[PDB]
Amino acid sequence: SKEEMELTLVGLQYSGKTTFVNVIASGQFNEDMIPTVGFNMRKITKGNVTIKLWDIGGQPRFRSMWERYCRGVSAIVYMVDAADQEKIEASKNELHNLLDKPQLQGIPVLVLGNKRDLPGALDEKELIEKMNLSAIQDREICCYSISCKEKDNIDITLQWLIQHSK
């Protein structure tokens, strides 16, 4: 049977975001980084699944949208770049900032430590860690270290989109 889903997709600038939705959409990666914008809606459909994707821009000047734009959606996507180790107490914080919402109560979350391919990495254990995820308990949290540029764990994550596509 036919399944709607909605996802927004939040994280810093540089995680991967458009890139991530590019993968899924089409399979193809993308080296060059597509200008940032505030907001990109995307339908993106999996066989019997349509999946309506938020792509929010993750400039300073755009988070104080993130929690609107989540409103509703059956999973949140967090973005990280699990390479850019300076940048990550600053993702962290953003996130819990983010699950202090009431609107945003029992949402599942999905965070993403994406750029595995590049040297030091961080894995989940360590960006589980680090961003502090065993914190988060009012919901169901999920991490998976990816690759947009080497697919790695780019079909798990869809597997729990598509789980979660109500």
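Only the largest set of C-alpha atoms that superpose within 1.5 Å between the two forms is called the rigid core. Numbering follows the first chain given and starts at 1. Compared with the form deposited in another entry:
- In a core superposition between the two forms, the Cα of 56 is the only one among 56, 111, 122, 131 shifting by 2 Å or more.
- Fitting the two forms on the rigid core leaves the C-alpha of residue 97 displaced by under 2 angstroms between the two forms.
- In the core-superposed comparison between the two forms, the C-alpha atom of residue 26 has shifted by less than 2 angstroms.
- Relative to the superposed core, residue 44 shifts its CA atom by 2 Å or more between the two forms.
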The other form holds:
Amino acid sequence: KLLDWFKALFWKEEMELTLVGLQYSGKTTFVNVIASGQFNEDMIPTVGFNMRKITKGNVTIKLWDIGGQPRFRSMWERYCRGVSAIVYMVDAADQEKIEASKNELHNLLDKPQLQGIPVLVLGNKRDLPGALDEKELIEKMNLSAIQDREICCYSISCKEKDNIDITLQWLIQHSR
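Alternative state: the form deposited in another entry, after the form deposited in one PDB entry:
If you are looking for partners or other molecules, they are not here, because only the chain is given.
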């Protein structure tokens, strides 16, 4: 659509960014969508690690699950220095996991080396009946308690491509 126009604009952009959130929160699906189902994936530093380097065009994305490999957390956090932005993805329909996930976001932004980096929280799976909306996400994840930086929250759906356009707008506009 116009969505396809933003995808093209987005992959010419020279930026690093990070996509992190709990497992099964829609992370790879989201890349699928904005990459039109074609991209390169490479475990970092090598195979065996949770961390993945998505590349396509000029964009490189550092992608990991919070809780995939707890031992390597510090290594992952530190790898996310210098990024243009943080995309923190949550399943807005899985309300039982909201508290735990809200906590690792706050933990993540408590870290000095990641000071000042913009955060887009995405409340995915909006299509599922009863999934948390934008206002509620902000509420239940205490997003107003984060003010050391620029922080934005959108509700989206990868399976329906709802709000992916404004997401790409946000991202494209936040390259350094």
